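Working from the sequences, and respecting the hints, build out all of it.
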Amino acid sequence: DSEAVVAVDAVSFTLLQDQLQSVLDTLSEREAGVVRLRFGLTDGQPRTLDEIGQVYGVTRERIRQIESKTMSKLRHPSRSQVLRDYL
Amino acid sequence: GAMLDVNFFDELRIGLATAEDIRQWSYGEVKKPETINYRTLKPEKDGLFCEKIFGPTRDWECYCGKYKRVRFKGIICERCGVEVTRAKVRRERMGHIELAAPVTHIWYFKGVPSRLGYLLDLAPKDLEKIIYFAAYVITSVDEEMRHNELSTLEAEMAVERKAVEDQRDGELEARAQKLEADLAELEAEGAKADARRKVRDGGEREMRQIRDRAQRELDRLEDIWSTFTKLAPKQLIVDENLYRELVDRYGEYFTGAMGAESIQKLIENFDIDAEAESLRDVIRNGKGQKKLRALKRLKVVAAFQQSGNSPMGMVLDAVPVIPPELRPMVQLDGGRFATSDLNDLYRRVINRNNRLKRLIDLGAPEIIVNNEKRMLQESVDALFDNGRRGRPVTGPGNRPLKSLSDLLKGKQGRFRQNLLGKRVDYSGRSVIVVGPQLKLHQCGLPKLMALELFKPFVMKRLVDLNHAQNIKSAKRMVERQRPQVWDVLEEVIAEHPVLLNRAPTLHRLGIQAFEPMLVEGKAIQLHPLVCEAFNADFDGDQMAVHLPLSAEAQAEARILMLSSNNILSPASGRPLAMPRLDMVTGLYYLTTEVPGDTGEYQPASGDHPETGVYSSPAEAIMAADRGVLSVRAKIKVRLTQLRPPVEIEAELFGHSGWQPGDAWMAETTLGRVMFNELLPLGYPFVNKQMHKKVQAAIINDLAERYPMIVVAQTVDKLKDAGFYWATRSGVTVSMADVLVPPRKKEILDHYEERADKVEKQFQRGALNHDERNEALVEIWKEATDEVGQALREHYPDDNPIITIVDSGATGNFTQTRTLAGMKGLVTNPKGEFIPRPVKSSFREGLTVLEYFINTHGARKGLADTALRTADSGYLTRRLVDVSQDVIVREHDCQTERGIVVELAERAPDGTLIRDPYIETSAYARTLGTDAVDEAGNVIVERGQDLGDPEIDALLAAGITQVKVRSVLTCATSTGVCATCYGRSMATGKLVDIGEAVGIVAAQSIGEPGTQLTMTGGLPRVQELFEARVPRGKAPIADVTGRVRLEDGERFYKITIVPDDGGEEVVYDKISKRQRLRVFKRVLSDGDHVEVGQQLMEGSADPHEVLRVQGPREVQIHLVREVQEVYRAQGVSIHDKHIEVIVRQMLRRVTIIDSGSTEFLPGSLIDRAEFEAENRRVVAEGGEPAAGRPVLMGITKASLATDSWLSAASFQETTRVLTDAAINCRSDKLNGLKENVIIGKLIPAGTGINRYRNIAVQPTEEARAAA
Amino acid sequence: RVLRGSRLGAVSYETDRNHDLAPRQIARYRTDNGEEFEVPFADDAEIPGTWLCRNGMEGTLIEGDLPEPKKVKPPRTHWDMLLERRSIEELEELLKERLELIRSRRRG
DNA sequence: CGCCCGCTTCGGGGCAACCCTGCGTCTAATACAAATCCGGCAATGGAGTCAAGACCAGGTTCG
DNA sequence: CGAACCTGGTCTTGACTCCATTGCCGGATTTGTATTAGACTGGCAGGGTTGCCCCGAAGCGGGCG
Ligand SMILES: [Mg+2]
Ligand SMILES: [Zn+2]
Ligand SMILES: [Zn+2]
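Note that the protein sequences, when read in sequence, are chains F, D and J. Numbers given in the deposited numbering equal positions in the first sequence, counted from 1, plus 440. Sequence positions in the second sequence follow the deposited numbering and run -1 to 1012, 1025 to 1090, 1097 to 1282. Numbers given in the deposited numbering equal positions in the third sequence, counted from 1, plus 3.
What the hints contain is simulated information worked out from the structure, not anything from laboratory work. You may find that some hints are simply not true.
What the hints assert, rightly or not - No farther apart than 27 Å at their CA atoms in a straight line, the calculated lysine-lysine pairs in the DSS-like style are these:
id, chain 1, residue 1, chain 2, residue 2
1, D, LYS30, J, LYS74
2, J, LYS76, D, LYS30
3, D, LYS987, D, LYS715
4, D, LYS987, D, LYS690
5, D, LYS108, D, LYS400
6, J, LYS76, D, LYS43
7, J, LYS76, D, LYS29
8, D, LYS1090, D, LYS1043
9, D, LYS108, D, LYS263
10, D, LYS828, D, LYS779
11, D, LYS715, D, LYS634
12, J, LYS74, D, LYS355
13, J, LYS73, D, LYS355
14, D, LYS43, J, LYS73
15, D, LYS43, J, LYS74
16, D, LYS1082, D, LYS1063
17, D, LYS473, D, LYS458
18, D, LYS29, J, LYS73
19, J, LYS74, D, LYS29
20, D, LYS743, D, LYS821
21, J, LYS73, D, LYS30
22, D, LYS470, F, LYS513
23, J, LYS76, D, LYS355
Put into structure tokens, the structure is as follows:
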């Protein structure tokens, strides 16, 4: 049955979710909030910069600047080797 | 009810499903014969795979693709209609098919007995004509309207009949006028009188044709009138033209239909209580076949009345559909699709139903609609059970389709597979090799396999130590085999037991746990002392390795199933970890004694002293390391570390000569001192020659008087010493060591001359063929034994071929006779003896014809081996299937009854000689009464284990008969009690309160059946447990008195004269091939015989000894007859393993008087249930039932159980399941068979409630310690 | 050597959340024989008038909104097959001839 | 003294449950209508993107 | 100690722009139904094996004469 559960990828997914939660907790509150609401990490709905700037009360461009800053922050070897080993 | 099923269960109630429940389980009506799209490979709408009906194929996605998130859950799309959920709901959602016309179930119509035919009291060959549209039936009648209008109706009948009469009178008058004109035109002209008579006879034949045509019309009208008078319901009207003539006249006075709707209407207008009370009255006031048929129908009538069922569900109006994941259409690599063979049956049902609907909406003549309904009925029948009615519906290549019922019955059903067992994860196998350095609780392991078994453990451990960042890099590190994984593997392997297993698993010691340790190479190293338990040699056998996972499984494998905890048999109590083939030879050479070897002690004291003494075994070991002392020479050591025997201890020290300091001299060899140093300190000195039976006695005494760990360490020490001295023993084989007897040839010539005289006497004609065959067989048997005797007395004692035999290591003497000496007689293919015989031996080399003669017996032995192991497996299955529900429940049932044991009857001189069969019959049993000697003191009180020394004390006091407790007389209702079972043979202590003694007994009986080399073989056991009638059925008497022995012509007529005034019982057909029973001398005429004395020789059927000598004596006969078989091979089975099985035979009683409480004659119900209601029904209805003990075999008693789920797995899974479905039989899940099936915890061992709910908490004194 | 199979269905791996879902309404549908069924539709979604029920027959909505009742035609009759091949004068000819035949068979 | 008549006993038949002595190619299109795919512009409108550019706040340098 | 500056996130606004979302329309393909006028009018798996249960002749003994 090639469409079955491999039973190592499932626990790998759970461990990856836990490491992702810890890595996003190593950032600030607002940064983790805007990344989670950008990528739908908590409910499964990818909101846009309009909705993030609505829930935080700022422009869409400020949200985009914060998102680019956080994406540059996550693109570090020290911050991201443990996530690099998951792919 | 329960649809979530969270592991709490009490009952599994089956029942007959109705149309409302069928259309209430379903999630939608499937209405198209389509499965999948041929181009896009998606399920069609309203088809057999439809995502609206059964659910979504992809996880959390609708069909049109609008919703794809988990946030939309539990809702249904507006367009496509698929409820968004998981893709595992296609495993469980069912659908239904709406039939256009009703259809009977095939199960309640085409069985024996037919339940529809019994419920309606109609013959099955008429029911088949009704439901297959071959004959009409009368679904209703109106007796009152015919009753008050029959005068006018017969008046109109008379009017029509008289109109036919007047018409035929006019026809006869017209023919009379025409014949008068023929006569007047014939006799007026010149005509031939012969032709005139022919003309007159033609007119007469015309009017006779008129009159018998009219007679036939009147017979038709009176026949339809006779049938209209005898119009009763449930009447068949064959050939349909009488029916069509009977409809248009008086259609308003009766109705008649045809088929399943007619059967449904017949069941609809049916009262059950009326025929119920009618059958009650008939069985009250009947005799003969009528009462028997009314009983067999009252069975199913009261079955439908007593439960809350209804007979409406035997006709069917909606057919359910099994979910499509159980009948998947999976594609392979390359688009070769794979259907599941039920989709064709479902497609045929859907097609014929849709065609019938179209035909009914169109409007067609009756032939087409009846043919279509017949085809619909046969399609549903082929769906439920193919091949039941006539020829099966087949597929491509004349292969019959696996129908819906074929998933259950047969060898390939769900039940037989689910009892056959599943396949497991965390397992492995390899070839096995000997492990002669391991300790007894160890086993080797190929490290490349142990790295595969323990992969999650080693992954967690090398994540915990920082060698990888997650489990993904850890898994790749395991797969590349980086060199740190070996140390991590050793760390996780240490103290974690594994299971080992060799198929076939014959008995309880076929699975034994071990502690692993890493071993190079690729073969499993096995300890060389468990080969006797595993029945494994190293010729290429393979063993499976499993792996316990949880803490409960690890504790069970570490405590219950350890190798060093299981030394003794579960069957007889003898040890299985005893030394064998090599180490027995080693200890025999090490402990034997040679007269006059080097350094032997002589006391000859002339000029010089004795020079045989040694101050210590260390000094003796030095003097043997130097080439002076041989190991087997007799010396006199001064021992200070071994306990002396009882005589020397009582002589030298009296009370307790505690040898850790004491000194004493002993005349032995050095070898027996080196042997006795292996034994423990408290064990006394032995000073014997270690034959195998001597080692058996030593290890039995060690197992009886010591803990288990001392026995395990002593067995390991004995293995090491036995191997190390087996190498130095010098047991080789050369052809200069296979010595021939010197005077063989003169012996052969003398018996050849005797055979020549016998052959010449046959050649004279003084005797037939068979007599000279018997004479030659006797002569050559004598010659074989003479040559064997001369060879036995020719050999020395230090010959290896006689040392290996006489030390009990392996082999017997007959193989040495066939090696050197003479082979002897050789059998035929049939079993006769070839009278030639072989006069050579395998040292001398045979010739061509002698080899060709030997091959017959060799091949017969091989085929016998194959057949015998198959039959032993089947018998083990039957015994386990019977006695699986006999488990120990209480500690003491506190009865007073008990069996009696013979236990060493005396001599004519008066001396109590010990009976040979004590250790199987009387040992390990608990005394039910006390033991008094000559009205003196009570030697052994009630409630003692009856080991060795109290049996020796009873024999010393001089008592023989003792009343002991056993499981035949136990008084608990659910299983046996612990005191009645006595000592468990595997431990030596009392049995526990959770043991499954039934399976232990069944395996102990069925295991040594392969060694039963033969009516005296394994069929003799099988015909005893089945309680069949034997072949050589010698009769038994019924009363005392002298016999009227009469030997008639070619068969005997044995009559018995009774002792008192009674009838003379005559036994009719006793053939002369049977023999007179010899007892006390041969049988004579007028022999005053006993009550149940066996008349001829042979074996009495146990049914007759039950009816004559009651229930106690048949248990004595059934055990002793089976135990006579196993003693022929020297196989020791304790009698409590057989007494468990015989207990299961006599549990039920027959009913001859029903009394007044819900009973029927011929029924066999439980003794514990028949008496318990009779305790209560004697008040308020005091008509007690009349019971009598019956003896039924194992195959019969296994079927009549209280759980339908266990009895479904046995035999006729169709028949077991249908009558359980009628009676609405609920299951209780109490046997350990059903709990295996549903995956619940079994009610034995660590599964009963005394052990499963132990609360564990640290002691409050030690709680404050940290 | 080994042969593999695959049902045509994707298998995901997520968390079965019970708390935060998309909210949804419930509507009742009514069949012909008094059967009622409740179907959970999504919020931002049109509620269709008719809906094929679990029972298998088509069931309308329990609140009266009057959709298009039939909007169909009968397919074809044997009378249509007769009428598309012959004229009513020929039909009346056969009818009058059959009426005279039943007349001469009944009372004539 | 003989004679009927159901009761029991065995035979034969009948039937229910499993394997292989089991395990074929077929007129041939037309006519038409409805449904559906799909290919390609043709309105977008919201969402992302660049860039300027202002907003002070507290180190940082200089007076 | 006071002023100028550098650079920190912080936030607005104007402009660009880009790609999904319907939407229409024309055509291509794909699937479903109706129609063909010499006359033609009742077939094939299949048996064989093994074992067990249910009814019919038949002695036959007891009631009957
Ligand atoms: Mg072997
Ligand atoms: Zn959908
Ligand atoms: Zn008991």
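**Prompt:** Taking each numbered hint in turn, which are not upheld by the structure, reported in ascending numerical order?
**Reply:** none
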